[PDB]
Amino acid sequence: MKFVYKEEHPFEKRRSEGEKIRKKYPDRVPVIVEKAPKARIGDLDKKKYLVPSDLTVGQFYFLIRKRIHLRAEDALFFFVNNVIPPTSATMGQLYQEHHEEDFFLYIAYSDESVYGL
């Protein structure tokens, strides 16, 4: 999916920020989270997060659900390179496998699970 953040910040600047954050705070992972445009749910308040590497995907799901006022009963899916990661993965593992070359991890969220964004 295209991210508004990538459209509005040039690569070299994103990179410079990502590198710096990872050098300075090696136990944090910088993430950009955006809603798939057609998804008919709540938009996100904050798009940039610096999370603990040992935070789980399930925990981050709980945080984002709670920011957009969704309960366990509402569909919400995270997509990273079009893969929906397991709740047991840590954000640090996700970052290591799937960070972009600007040193940020990109998560797209939607209410549909089957199709790539």
Given for the second form:
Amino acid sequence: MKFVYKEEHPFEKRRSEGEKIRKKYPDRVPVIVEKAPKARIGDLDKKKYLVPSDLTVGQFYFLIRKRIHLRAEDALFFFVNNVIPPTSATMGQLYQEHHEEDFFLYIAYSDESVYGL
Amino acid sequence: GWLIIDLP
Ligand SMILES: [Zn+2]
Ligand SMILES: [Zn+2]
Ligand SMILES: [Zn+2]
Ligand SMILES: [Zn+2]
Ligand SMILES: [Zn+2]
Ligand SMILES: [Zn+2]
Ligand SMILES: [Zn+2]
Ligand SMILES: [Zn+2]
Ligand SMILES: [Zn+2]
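In place of the form solved without the partner chain, output the structure of the form solved in complex with the partner chain.
Full assembly next; the chain just shown is listed first.
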């Protein structure tokens, strides 16, 4: 997936920010959240999150749903490298497994249960 | 530019 954040900031600038924020806040992880292409879902006002490592994916879902102003029956799915993470996993575990070389974790969100469909 | 998230 193309993330706008990656297209707008060269890798060396993102990597230096990721290293700095990880050294400054060792118990938090930096997360970029963007809408999947051709998803049919409301926009997200902010894309750059500094998240406690012990926050769960499910707790992050709840917060992101509220930021988008979704109704209960409006679906929301997270994808990390096209895979939906478990809601009981911590954001720190997801970050350790899947953060990119700029030290950011990248999450795509969609209304759909499969990426790219 | 960070949105700070906290444990509930
Ligand atoms: Zn932009
Ligand atoms: Zn920027
Ligand atoms: Zn802890
Ligand atoms: Zn609302
Ligand atoms: Zn996991
Ligand atoms: Zn995982
Ligand atoms: Zn690492
Ligand atoms: Zn994983
Ligand atoms: Zn590389």
